[PDB]
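Here we show just some of the chains, and they stay where they sit in the whole.
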Amino acid sequence: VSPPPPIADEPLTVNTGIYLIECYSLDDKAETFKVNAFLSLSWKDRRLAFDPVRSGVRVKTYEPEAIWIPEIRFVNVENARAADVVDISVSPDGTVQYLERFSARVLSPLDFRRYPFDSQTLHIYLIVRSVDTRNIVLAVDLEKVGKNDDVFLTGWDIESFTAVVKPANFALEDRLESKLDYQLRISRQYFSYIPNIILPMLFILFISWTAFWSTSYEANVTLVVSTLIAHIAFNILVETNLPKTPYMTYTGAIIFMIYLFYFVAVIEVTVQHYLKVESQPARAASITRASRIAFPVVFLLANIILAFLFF
Amino acid sequence: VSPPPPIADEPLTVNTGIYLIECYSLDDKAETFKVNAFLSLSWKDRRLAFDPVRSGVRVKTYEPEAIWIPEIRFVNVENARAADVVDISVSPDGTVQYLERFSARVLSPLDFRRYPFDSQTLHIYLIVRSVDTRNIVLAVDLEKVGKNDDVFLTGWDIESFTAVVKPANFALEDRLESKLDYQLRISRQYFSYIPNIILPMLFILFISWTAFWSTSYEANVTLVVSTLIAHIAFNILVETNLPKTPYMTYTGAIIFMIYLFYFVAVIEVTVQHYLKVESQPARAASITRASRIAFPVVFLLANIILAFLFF
Amino acid sequence: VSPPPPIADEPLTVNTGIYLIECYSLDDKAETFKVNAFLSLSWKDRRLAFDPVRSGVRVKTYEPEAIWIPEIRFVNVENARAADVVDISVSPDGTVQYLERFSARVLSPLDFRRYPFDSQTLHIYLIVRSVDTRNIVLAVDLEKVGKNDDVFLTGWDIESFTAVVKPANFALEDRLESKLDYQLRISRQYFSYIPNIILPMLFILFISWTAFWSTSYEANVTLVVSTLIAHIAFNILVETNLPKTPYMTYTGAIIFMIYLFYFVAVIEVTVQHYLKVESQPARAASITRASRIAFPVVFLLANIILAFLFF
Amino acid sequence: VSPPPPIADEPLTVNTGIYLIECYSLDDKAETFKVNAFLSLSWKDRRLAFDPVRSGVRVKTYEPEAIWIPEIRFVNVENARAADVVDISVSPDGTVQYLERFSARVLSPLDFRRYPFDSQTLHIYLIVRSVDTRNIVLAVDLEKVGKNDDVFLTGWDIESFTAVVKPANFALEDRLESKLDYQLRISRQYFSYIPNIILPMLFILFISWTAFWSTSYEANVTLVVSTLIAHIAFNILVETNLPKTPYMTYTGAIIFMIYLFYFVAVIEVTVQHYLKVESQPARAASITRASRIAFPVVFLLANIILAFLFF
């Protein structure tokens, strides 16, 4: 079979639409998500036209094999989509209405800069390669673009599913390619991070600061070192749920900065002891008293500065 | 092939039934479960009618390819079900009796609010898209809906497997869709959580309270900090077996609240030491004596309040 | 094709046999094992009968497509078995001898009560659905049931592979079903558990008891708390290699009970210190001296009681 | 199609050869490895013979479907090999030359007794089932057995790839089977184990022995207990990279024995303290002084004995 012939030198417009049924498995480490949707295609093939009076029927159904169907592919998919044809319906003028149900593992990159308070735009790129007979251009039939109400992405809030109506037409290996951008806008459900990582991490830090109300070096060393190890465990736990980024993430910055607070606490604890031993407990008292205000104030201001830079 | 023709303007009724053989792999993190069942379908196709006298055979067997079979799909499956046709039997009036055995990874959401004392309703949604010739409606043949006695879901108790007999008939992309709801009611086997997480977690908390019967700051710091770290390990262990929820789970709440008890224990331990050093051991004694009653009482009441709010 | 016709109203007997080639991947958490075996089937089809004198040949070979083959399925498999036909041989009387090589992930439940000193009976269930023409019954050809000498299941000892010769004949969805039970009896190789979990766990417990020969509260607190944390690590490591059971496992019981010993050791250590501080070291001495005998004796008796209840 | 007819009563010899292209994924826990190789088969079928003068051609190419091909299977594979036919070439005498490229996950057991200083013999078993017409026997064409120079198995050294030329001819399910043994001899690259596990483990042990130059019980308890926990982490890390064996591995033995050294160090530390408190520091001094020599000497001799027993 060959593509439909042009009335003039115009390209063939394949109207598209994606309707999400199930949306799942957003892997932050892999920057992938799995989708299960309907793909609808519509184009005019004058060769398929018929008189409804003479033929009796208003529409004719065909098996994929019988007629010409445009080779539509997804750009950012991992492996080729699993698709099963639901229906192919031809109207008297020759307008074909194709429908298939597919599933694919889509590879769309993520911006972890504001993690876990981040919002993402997932992409689904539809593409078509022009044949030698005629050039093929994609379009968006907005009435056939949507999502089911039940569509839930675990740990995420689905904001919108829209399509950038004007395709990206470009040359590739000396043939026209018409690319379409379907955008799924989502925002992370940060709630869990608060009682599981953020608040536990702040509690262990504040426990390290109880060393500023203690003259016992042995007890201080235990307080600051033990809590530093729990902070290492939280740093490791966090960096496992995330990929290696060439930029600093919000949680990454807080986690990093907190190491400096532990390092300075060890220095203060060491200075206090050295001074007490050197028979200068009055000077050690001044430093310890100052640290009680300095540490919370510098922590609070540094955090205001960070939140400002990141948001 | 085309769908059966109507006697009048009636829709075509496809009678359904699911009989679970094997039920397994309930992933709490993924909110998926795997199923291995029988799918039975039955509809009348007058075109397949035959005389048993002339044909020799009461029933005729056909290969799926030979006749028209309704395109029945599952809504909430991950990938398309793996199915193998067991039998297709046609009676002289044209009544088709389809049987297939399938396996699928079903995606049904879970409510972790009362975890690990939670009960779930897993869903299996059957659907059918109406063709242009005639509208297709699903039905439940209750005699062909059930589960095997051997059906075991590891770490869960299977309560019931029933079907909501009235289908959800709705419009989708300008065609009628007939959806059916099969519900598998299950309840978690919480027993293992008690000797593995709950009791170990309470033992480490009570060990931290032995600091209220000790004047040794160095020993108290070790007691409260060491047990706090074991609590962090239990928090990490628990949050690995669960997905990130936008709500507080029962175990999540207890785990969180216990951090506050560790934080207040560190404050008491610090106050006691400061006072002893400041040569006020009488005042430190009053606080320590009070804490011995306060901590268990406040822990017990807070837990009564939590159990009340959650159950 | 249709099933063989009966001489009288007798059912069709399909003689079966499974011969294990490779047995592997026993997942304790999933309660699954992978198998790679031969499946032999034998039944009489008089339509296939031939005279060896006239035909010249003693046996005739056929492709599966050419003749009727009973639809034999496995009940407790995860997905449908991967099978490849080795041979189909027909004798002059019409006796068909089918052979196929298959692989499947079998889902047979396990009893962890005596873990890691447990023995299991893995099951492979063969089933057949009766057709409308005639009822099909399964049988065991014991000469075609066995296992290869090389068959090794890592971390397990394979005791026997036998079949319960009388099939379970029952009604299902208004048709007769003939189920057969193939039993693979295995017993766990507990040896590794001794130097890796049991002995390390006992050593850390005995180290905690060196606190009964020490008057240093700070040292005792360190001894009992540090070793309690190592016991938590062993509890976590053990519960990862096992699924969540609604019953107590042998190792689970020992692990749980050892927590009580740590809890009572903390109480003794606390009492000794309180008494020493209260200027009653004589009474603290009596308690410490008693604990030296009490702890090992109660540990040894409690273990005799547990081993008795479990074995 | 039927097998080639015999000139006399001789069996049909299928000459074989395996040429490894890619060798990868050696799973120690699973005792599997993945292979990607060429399988070459050669047998004489007189029915395919032709005159090169009359036919013009020197060799004839055939599609697998066109001619009889022996059903060659792998014994110790997990699932059936993925194979794609490269070429089928017939010479004038009827000698068929088959070539296919395959990939399979091979299940060959491993001997961890000398781990990580172990050497293995991986096996690839080729087999063929005799048909009723005539018996089929395998052979090794040594010119068609080899491996690519690039063949690399990560963390292993590939020593040799040879075949045991005489097949194992035996009865199975009342038919003759001809098995062939292809052996891949490999040896572990132990280098990484030295700076990552062995030396770190020895350093922590030697740190525990600094307690023999200290009179501080509180410091000794910390030294011996802390280092014992790091040893537990190394034991856990090691037993994760390995399966549960019914025998003692070399690293397993060293790891186990080191626990005894920690246990005796705790006893010495306890004895020294008891004696110092009992006002017998002279006797405690003798024991501590002796331990300084005893511990390294007994450690060094015990290791000589172990290396001797294992190698």
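Read from first to last, the chains carry the letters A, B, C and D; within each, the first residue is number 1.
As a convention for this text, contacts are C-beta pairs under 8 Å (C-beta built on N, C-alpha and C of every residue); 3 or more make two chains touch, one makes a residue touch a chain.
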{"item": "Full count of same-sequence chains in the assembly - 4 placed in this view", "value": "5"}
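In the analysis below, only the chains that are shown with their structure count from here on.
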{"item": "CA centroid of subunit A to CA centroid of subunit D, Å", "value": "41"}
{"item": "Inter-chain centre distance, subunit B versus subunit C - centres from mean C-alpha coordinates, in Å", "value": "25"}
{"item": "In subunit D, residues with contacts to at least two other chains", "value": "none"}
{"item": "In the complex with subunit B, residue positions of subunit C that touch it", "value": "2, 30-31, 71, 73, 75-80, 107, 109, 129, 131-132, 172-174, 217-218, 221-222, 225-226, 228-229, 232, 235-236, 239, 243-248, 252, 256, 259, 262-263, 266-267, 270, 273-274, 277"}
{"item": "Contact footprint of subunit D on subunit C as seen in their complex", "value": "17, 19, 21-22, 24-25, 34, 36, 38, 40, 58-59, 61, 82, 84, 86-87, 89, 99, 101, 103, 144, 150, 152, 154-155, 189, 191-193, 195-196, 199-200, 203-204, 206-207, 210, 213-216, 218-219, 222-223, 226-227, 229-230, 233, 237"}
